[PDB]
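Enquirer: So you can see what is in the structure, the chains are spelled out below.
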Amino acid sequence: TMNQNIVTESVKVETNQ
Amino acid sequence: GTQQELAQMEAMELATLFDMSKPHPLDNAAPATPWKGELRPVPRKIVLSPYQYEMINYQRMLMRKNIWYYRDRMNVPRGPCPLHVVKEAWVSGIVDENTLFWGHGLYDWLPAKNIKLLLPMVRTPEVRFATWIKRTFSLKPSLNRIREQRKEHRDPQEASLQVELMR
Amino acid sequence: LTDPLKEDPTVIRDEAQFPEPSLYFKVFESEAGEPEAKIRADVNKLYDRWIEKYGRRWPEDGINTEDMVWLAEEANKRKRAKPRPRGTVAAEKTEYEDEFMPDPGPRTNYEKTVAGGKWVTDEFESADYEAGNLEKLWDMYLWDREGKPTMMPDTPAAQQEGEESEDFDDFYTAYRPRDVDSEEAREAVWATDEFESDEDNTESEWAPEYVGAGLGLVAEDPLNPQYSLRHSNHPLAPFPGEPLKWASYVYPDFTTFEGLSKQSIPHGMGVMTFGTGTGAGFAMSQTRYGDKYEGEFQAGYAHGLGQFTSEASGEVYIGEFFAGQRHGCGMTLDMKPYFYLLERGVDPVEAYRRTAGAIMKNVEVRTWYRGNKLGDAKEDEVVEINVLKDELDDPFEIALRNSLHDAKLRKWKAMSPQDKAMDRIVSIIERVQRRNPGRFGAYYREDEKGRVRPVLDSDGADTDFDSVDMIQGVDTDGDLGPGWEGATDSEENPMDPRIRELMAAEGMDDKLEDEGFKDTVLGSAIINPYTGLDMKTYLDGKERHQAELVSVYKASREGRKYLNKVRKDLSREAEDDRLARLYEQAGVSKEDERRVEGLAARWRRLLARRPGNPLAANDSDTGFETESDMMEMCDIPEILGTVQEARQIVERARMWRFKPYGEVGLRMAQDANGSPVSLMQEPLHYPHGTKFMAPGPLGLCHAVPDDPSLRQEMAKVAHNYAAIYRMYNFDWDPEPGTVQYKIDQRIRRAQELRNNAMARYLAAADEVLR
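Residue numbers (full-length UniProt numbering), protein chains in the order written: chain A, 1510, 1543 to 1558; chain B, 78 to 244; chain C, 13 to 116, 152 to 616, 642 to 680, 695 to 856.
One chain only, chain A, in its complex shape:
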């Protein structure tokens, strides 16, 4: 399938996964 970088967003999406 306040400010964050790409690594944080990817980690959060995997955490949701």
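Some clues are possibly wrong.
To be verified - Estimated spans, in silico, between C-beta atoms of each pair: (1) B/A92 - C/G152: 56 to 64 angstroms; (2) C/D394 - B/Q226: 31 to 39 angstroms; (3) C/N156 - B/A92: 52 to 60 angstroms; (4) C/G727 - B/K228: 41 to 49 angstroms.
To be verified - Result set (DSSO-like, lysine-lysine): computed pairs, CA atoms no more than 30 angstroms apart in a straight line: (5) C/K802 - B/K193; (6) B/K193 - C/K18; (7) B/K164 - C/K292; (8) B/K193 - C/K745; (9) C/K802 - B/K190; (10) C/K777 - B/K217; (11) A/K1553 - C/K339; (12) C/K828 - B/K99; (13) B/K228 - C/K777; (14) C/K745 - B/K142; (15) B/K164 - C/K777; (16) B/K113 - C/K828; (17) B/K190 - C/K745; (18) C/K165 - C/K183; (19) B/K142 - C/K292; (20) B/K217 - B/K190; (21) C/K802 - C/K745; (22) B/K228 - C/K802; (23) C/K455 - C/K436; (24) C/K777 - B/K190; (25) C/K436 - C/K420; (26) C/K18 - C/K828; (27) A/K1553 - C/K420; (28) C/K589 - C/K496; (29) C/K828 - B/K193; (30) C/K589 - C/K565; (31) A/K1553 - C/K425; (32) C/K18 - B/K122; (33) C/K383 - A/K1553; (34) B/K193 - C/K777; (35) C/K802 - B/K164; (36) C/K802 - C/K292; (37) C/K159 - C/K94; (38) C/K159 - C/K183; (39) A/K1553 - C/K802; (40) B/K99 - C/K18.
No wet-lab data here; the hints were simulated from the structure.
Ideal Cβ positions, reconstructed from N, Cα and C, are used throughout, including at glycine.
Mind docking chains B and C on chain A? Use the hints.
Expert: Using the frame of chain A, we list chains B and C on its own:
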């Protein structure tokens, strides 16, 4: 009978007392007296033992050749700073007790007041008098003028760093 | 009750003399290999003795004649094994008189000395006493009537052939009847000096400990676990001796390092940028010009947590490192398209919008072992497969194994330490014999004529041991392993049989030549005169060969006739009967055993590499040599936590990157044309309206340049500064509902519980004592 059960329960509580993930009923409990904002009383009489004198002398021996560094608001190390350069920066109001400093004897960057012997070295009587003059007659009126001139400094949320510069 | 955390600090008063008697007059077990401490120890004893007599740690008069006697014999004693005296002489004094020294508070030397014993008489030389001590220790005659040695050569040492002269007190101690140990030998020859009569062996000298990351350790002081790192070279070891220095090194290959360093080696945290070549333990082919590693360093290696970034290729790795290679959990990103678009004149926002999704989809999470990625050789399913394999056995074996597992624990629980040592020795011997069992009973034979001859095998070998694996090693199964220029990436391409056989024959003749040289060099000496044991066989480890040869020769007909001519002028049955007794005593007939064996084999086994978990921590018999080539793979939460902590480590390590006046800063900070730039790092000057960066009251006087990204950066820096600040400054009276409040509550509860426990213990003690 009941004593043994109570002892076993107390041992079980001791087993998991410092497990910070486990909630405890004594957390956020009501204190014996109503809470009021207190401050630690200032000591008056201090009597140092020879142990403390010799420990202080040893620490002064270790740090008598140190060169210090400090960090600014943008998180950038700032300049090779011998003792007199540190004193001049302290007098000029560029650094204070909350600035992050580093020396030879440390592993990380710490606030200036949390280093063992850094404030006694800087704060000679002349340094105190000069920093008091600088705070009272130069920085404070300029802060008042800049607060009055520009509305971007919100009146309800104003810093008080200039007030405590003398210390 | 009184609040322990709210004592009034009105008057502070400490009373501690700097030469603290608690810390000064003390001998530590940490000081074991230091010779001078020994002397101090004796001095300390003297102090106590004086305190036991005068109570002042100072003697009336001074050191007396009996103090040395007390400190020599009575003060400290050493462990011996066993005496066995006798009450009748076995020698004659009819020879030259005064040959043997006589032997009949008189209790001991100390008792007589304190009773008025001068001890001033002097007589005789030391060599006679040492020779007598050695002679009584051997229980032999080492010198004859004339005075020439009987057990060691008496001729002058041949300067040729490499031999040198040796005194008797060394030869009779380095060559002994094996019932005398090193300590008794040293005690017999009067070795007393601490500084010159003692040396440290190569394999027994003191060395600093190795703790790695130092996470799992037994804390001697539970409150401060850093106290346990004092005997290592860990970056956080207390008081190394030389302060850690902010090193900023530029190497001739333009590899740069900036960060903490011990001595002159990178140590602690830092950032390393690679130029031509490599560094920090990385392989030569991994790095390029411009790549960087940020994070923990140890002994010059990238060891710990970190991040590796490559601007040329785009690979970004965040996670664990061991030695100089990836080992542990890690996360890998490929930001190559973002850099590609950035380098082609595209603003960062547009490039991110174009290439965010593809980069986010290709994020990889992995577990690495020694630089290799796991998950392709079914490393994940090893444990379950082994469990199923263990479950696939026959029921009788499983039941017996499970019963034995409990039986071993129940037996070990009650054994004596000596019994435990003997059991472990037996287990070690069995484990060794599982690989190289000796050919006992098959070393020597007698031929038809009756002459003794060696027993070889289908090859030119006398024992399974080969001396060529000492320089090449052996794998777990038994294969040798890599050698010099072995080539043959995979040995499915074998060597030609003709060459193999020719080289085998050449190796055999080389072995024959080696045996000939060893014999002609070492076979002349005699180690054990009773069995004719020469030095060659003794140093080759073939003593059992001689032991079997002696019995084979003596049992032979030729040996018996030779013995007659010179005279003219456990067992298998025991084990079998013991097993029969064990069977009978348990009420189990052999018919029952046969029935059970038939049921297991014909009915169950016929119906349808040691058992255990390959990755096991506790393994009873291990040998500490079997190597696991894999590890339990990290799961997603563990990888996420590892990345979360690695980012913190990288952020903390990136604070040593731009030392104000350092070689890297002076030589690598350049503008577009490559000329050096004047970085704004002056401790006193803030030019071009940048005085808002001053971390003091001066900064508040000036205004920020009104840039949202700059404001966010400043807010993040302020948040980090506040996070650092909160760890060293606390509140005297915390408000309820805060973390510190619950911490104080738990501390007070702990104190109260300990007080209640101590009160109960005191009540029990009072009940017992009265």
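Enquirer: If a hint holds in the structure, say so; if it does not, say that too.
Expert: Comparing the hints with the structure gives:
| no. | hint | verdict |
| --- | --- | --- |
| 1 | B/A92 - C/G152: 56 to 64 angstroms | holds (58 angstroms) |
| 2 | C/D394 - B/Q226: 31 to 39 angstroms | holds (36 angstroms) |
| 3 | C/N156 - B/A92: 52 to 60 angstroms | holds (57 angstroms) |
| 4 | C/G727 - B/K228: 41 to 49 angstroms | holds (46 angstroms) |
| 5 | C/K802 - B/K193 | holds (28 angstroms) |
| 6 | B/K193 - C/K18 | holds (23 angstroms) |
| 7 | B/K164 - C/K292 | holds (23 angstroms) |
| 8 | B/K193 - C/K745 | holds (23 angstroms) |
| 9 | C/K802 - B/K190 | holds (23 angstroms) |
| 10 | C/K777 - B/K217 | holds (16 angstroms) |
| 11 | A/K1553 - C/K339 | holds (26 angstroms) |
| 12 | C/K828 - B/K99 | holds (12 angstroms) |
| 13 | B/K228 - C/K777 | holds (20 angstroms) |
| 14 | C/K745 - B/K142 | holds (19 angstroms) |
| 15 | B/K164 - C/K777 | holds (19 angstroms) |
| 16 | B/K113 - C/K828 | holds (17 angstroms) |
| 17 | B/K190 - C/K745 | holds (23 angstroms) |
| 18 | C/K165 - C/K183 | holds (29 angstroms) |
| 19 | B/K142 - C/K292 | holds (13 angstroms) |
| 20 | B/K217 - B/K190 | holds (23 angstroms) |
| 21 | C/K802 - C/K745 | holds (22 angstroms) |
| 22 | B/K228 - C/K802 | holds (24 angstroms) |
| 23 | C/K455 - C/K436 | holds (23 angstroms) |
| 24 | C/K777 - B/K190 | holds (23 angstroms) |
| 25 | C/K436 - C/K420 | holds (26 angstroms) |
| 26 | C/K18 - C/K828 | holds (15 angstroms) |
| 27 | A/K1553 - C/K420 | holds (24 angstroms) |
| 28 | C/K589 - C/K496 | holds (26 angstroms) |
| 29 | C/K828 - B/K193 | holds (29 angstroms) |
| 30 | C/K589 - C/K565 | holds (13 angstroms) |
| 31 | A/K1553 - C/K425 | holds (29 angstroms) |
| 32 | C/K18 - B/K122 | holds (18 angstroms) |
| 33 | C/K383 - A/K1553 | holds (22 angstroms) |
| 34 | B/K193 - C/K777 | holds (29 angstroms) |
| 35 | C/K802 - B/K164 | holds (29 angstroms) |
| 36 | C/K802 - C/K292 | holds (28 angstroms) |
| 37 | C/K159 - C/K94 | holds (26 angstroms) |
| 38 | C/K159 - C/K183 | holds (26 angstroms) |
| 39 | A/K1553 - C/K802 | holds (20 angstroms) |
| 40 | B/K99 - C/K18 | holds (26 angstroms) |
Consistency note: the structure conflicts with none of the earlier hints.
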